[PDB]
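Below sits a lone chain in C-alpha cells, taken as the form deposited in one PDB entry.
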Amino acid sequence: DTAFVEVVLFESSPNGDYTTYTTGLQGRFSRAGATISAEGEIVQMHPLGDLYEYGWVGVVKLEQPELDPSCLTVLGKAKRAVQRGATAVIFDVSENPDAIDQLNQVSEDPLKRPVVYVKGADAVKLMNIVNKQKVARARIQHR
C-alpha cells in the first residue's frame, strides 16, 4: 500500500565522480497499477492533448475537476504515460481527492507499472523539486 519515494539530486565532477543528495517522501500505491518498485528520471507532465526516452517517472499535479478542462481523467493520464514509456507515474491529488477513489477502483485491466499518489506535505515537497529544476531521479520503493 505505502510507497516510499526517494528523490535524488546528483552532481558530477568533470572527472566523472557523482555526489548524490536524497530527500524522502511518502505516498500510496493505487489499484490502477501494480505494487512494485520503480526508478527513473522525473518528468513533469503537462495536460494538453514519445517526448522522452523509455524509463521516466511522470509527475502530474491535478486540478479541481469542476474547473478542470482536461480531456483525460486521472486514469487516462496514467495509461497514456505508461503507453509513452513511463516506468511509473506519481499524481498529486490535493485538488482532486475523489481521484484516489478513481485510482483505487476495481480495475478492468491494471497497468504493469506503479501508479502512486501523494498529497499534503509530501506533494508540496515533490512539486518544489519538480519545479525548482529538472534532472532529479525518483526511487519508488515498496516495503
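Rigid core (definition): largest C-alpha set, two forms, superposition within 1.5 Å. Residue numbers count along the first chain shown, from 1. Compared with the form deposited in another entry:
- For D68, the Cα coordinates differ by 2 angstroms or more between the two forms after the core has been superposed.
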The other form holds:
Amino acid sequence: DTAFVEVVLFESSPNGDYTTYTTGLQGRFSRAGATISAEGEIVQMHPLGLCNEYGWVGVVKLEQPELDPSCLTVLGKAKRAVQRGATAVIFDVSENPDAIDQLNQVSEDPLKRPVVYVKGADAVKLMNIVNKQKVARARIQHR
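Next, report the structure of the form deposited in another entry; the form deposited in one PDB entry has already been given.
Single chain only below; no partners, no other molecules.
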C-alpha cells in the first residue's frame, strides 16, 4: 500500500558546481495503477496540457472541482499521463479527497505504471520542490 517517495533537487552554480538536496515523503499506491518501483525526472501536468519524450514522473495537483475546470476525470488524467510516456504519476489530492475513492475502485484493467497519491505535509513538501521549477527527480518504492 504505502509508497515511499524520494525527491532529489538539482541546482547548478554559474561556476559549474552543482548541489543536490534529497528528501523523503510518503504516499499510497492507488488500485488504478501498479505497485512497482519507478524513477524519473518530474514534470508537472497543468490543466491546459492535459486537455490539449519518455520516462518522466508526472505530478498533478488537484484543485477544488470549482477551481479545476477539467476535460478528464482523475483516472482519465492518470491514463493520459501514462499514454504520453510517464513512468508514474503522483497526484496531490489535498484539495480533492474524493479522488482517492475514484483511484481505489477495483479496476478490471488497471494501469501498468504506479499511480500514487499524496496529501498533507507530504504533499506540501513535494509541491514546494516542484514549484521551484528546477531539475528534480522522484523515486517511488514499495517496501
